[PDB]
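Take a look at this single chain in structure tokens; it is the form deposited in one PDB entry.
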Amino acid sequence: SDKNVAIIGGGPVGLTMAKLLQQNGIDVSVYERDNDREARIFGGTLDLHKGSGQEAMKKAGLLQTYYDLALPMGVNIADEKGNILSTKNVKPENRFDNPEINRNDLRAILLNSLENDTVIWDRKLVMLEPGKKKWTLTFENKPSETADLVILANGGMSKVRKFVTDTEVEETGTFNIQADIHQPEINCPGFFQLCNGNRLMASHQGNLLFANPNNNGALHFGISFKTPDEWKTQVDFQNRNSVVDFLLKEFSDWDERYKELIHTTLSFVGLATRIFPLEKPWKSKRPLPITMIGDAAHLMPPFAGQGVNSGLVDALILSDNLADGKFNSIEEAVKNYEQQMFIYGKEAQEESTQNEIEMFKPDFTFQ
């Protein structure tokens, strides 16, 4: 292989691709939107499961490191008042496909395993264009670059897939509001104490709460519901007041301990749940070698655990396919990775869609 591989986007998935290819002596750059490595990453914590994510980390020789930094959480399920089922983590079961790792910590682990200057920061891919033997890649206000194989790994909202497929992101019907409380021990003490160093989830009449009281000392929480008829949007995530107003109304029946969790949030993030659905087969005729992995390839609703792990397998199976050297052409290696990922991906989205229907039914319980 006289060639080089341009990975667009250094997510947890993208950076794993980079690592798995780099250890096999392949030329690779990671082109990342973010301004620099220290950029804060919003979101809850990721956890790598024993069969999938953990297995890719293992192959990058990074499991022990991920274990070091990850923190196993128990789980409390509560009503709109007090505790219904506690699930502390059993000692022989702690490394078990749970260790909750902070999204920045995981990037810090991945980046560290890569050779210096593998990732190029302040690189926003806005355009893609097939040349003679090379993809010319266009980055907003930066010098453009060229690669032999583009791997799209830029998340659920990738604007740059036309060369692989015509399908487009869909809204699934649900919606998520998310925030971080800092010093949750004094800022939302009642709620802090409900969690009792465990993760917490509660559901009441089509609203779901999920909180993790120790994401590197910040309480992160998400509230989730069916997207209201009114919208299609009519709450403004700029004014914290409209969000507060709306949340307090929806959470009227809930305990003071949760309401205090809304009042204290300085700012909220809104998001419609989306799916990049694995319905059609992707494009056959492809001018030069291009493929997609992680959320770019199969964005799917979060609610049932799924997300990064499928995207981490995508890295495991593609790197092997491009490295173990079984196929006669890059073009075969991709097609083979894709044949497989369509199987376990659809399997997953299906389970995901399902659980999303199941839990936003007006009568759901985690029981």
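Only residues modelled in both forms are compared. The term rigid core refers to the most C-alpha atoms you can superpose between the two forms while keeping them within 1.5 Å. Positions refer to the first chain, counted from 1. First, how it differs from the form deposited in another entry.
Just one of the listed positions, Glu140, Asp245, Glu170, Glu93, moves its Cα by at least 2 Å between the two forms when the rigid core is held fixed, and it is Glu93. Taking 2 Å as the criterion, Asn83 counts as shifted between the two forms: its C-alpha moves by at least this amount when the rigid core is aligned.
After superposition on the rigid core, the sole stretch of at least three consecutive residues with Cα shifts of 2 Å or more between the two forms is 82-97.
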Contents of the next structure:
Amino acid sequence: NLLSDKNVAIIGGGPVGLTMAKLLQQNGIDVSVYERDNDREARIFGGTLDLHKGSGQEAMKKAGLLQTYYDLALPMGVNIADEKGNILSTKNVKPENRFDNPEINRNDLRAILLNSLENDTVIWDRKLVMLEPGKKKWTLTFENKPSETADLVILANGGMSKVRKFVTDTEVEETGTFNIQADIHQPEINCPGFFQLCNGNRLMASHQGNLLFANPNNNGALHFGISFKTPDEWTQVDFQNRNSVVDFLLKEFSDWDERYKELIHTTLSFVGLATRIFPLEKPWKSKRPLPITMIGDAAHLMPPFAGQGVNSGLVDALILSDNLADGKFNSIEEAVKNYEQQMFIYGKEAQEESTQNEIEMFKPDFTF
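Alright, leaving the form deposited in one PDB entry aside, put up the form deposited in another entry.
What comes next is one chain alone, with no partners or other molecules.
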């Protein structure tokens, strides 16, 4: 055990950081997770996640959590519709595929992971602001909270991580598309037409450079996403002002059936976010003052257009913890290096599929 008298600090308790903690902890490795969120009941904004066979489900299997993911997750059909609300295609989940990639709510998934860990593995209300290599141990600075030390830092703190410099100088880039996401509670009441259009399935529609995506049943809330090429004029919409978002969306969707509009009218608040990528373009720094690495979105943030986001992040966790558990390597540095080499290959494959899908979707005639 390379980590025998040592401790690991995982930065970020997202699905990836928590899975990592779990895989380490079951091999007797001393690990803490430092998480920005105030407490375990903070709501996680966003849609559902789905775990794939051969990747995310493998990580959950190794964690002893796969059945638990199954119990909480929900297989979903997919309806493809036009802007007029015609159903162009309906694909239901066949009994035999119910386990392929059922949708799970992000708080549900967090709860499964947190529960699997020993008490006080996760330290809440810990926003890592700075890292500093000492002689043997990293010193870790948390906003308005005591400092901590660790022999190995694993950054799992998401695609906007600000603390990556000791691993790489690569920066996040905007890919050119933009996403507006929102929730509607009691959608059966609040967007009845649209809710009926989804009819228990996820829904996707495409028209004139505007893509709309919806999951009508994220623990009872409807989550939708509207994606388009970032307008040249952008910024000119303020996401704190629902009126300017509504104005923009109604103009973009003026062509769409009234049920889609009702969706935009009824939404209380929208989150706007530019699609981004942390490109696995150049190798990471091969000289590092102490052992440090990155997994999940911190390592390979990619556009959310291929479902590869969480799954490749779960694989990282699986590959890194395997490496770190086995006296298969001479040093933590070697265990990390070997993990990073593998991740560059499947990571880069996932990024290319995300990028390619993103391009393919936003061309003049896209048809799902």
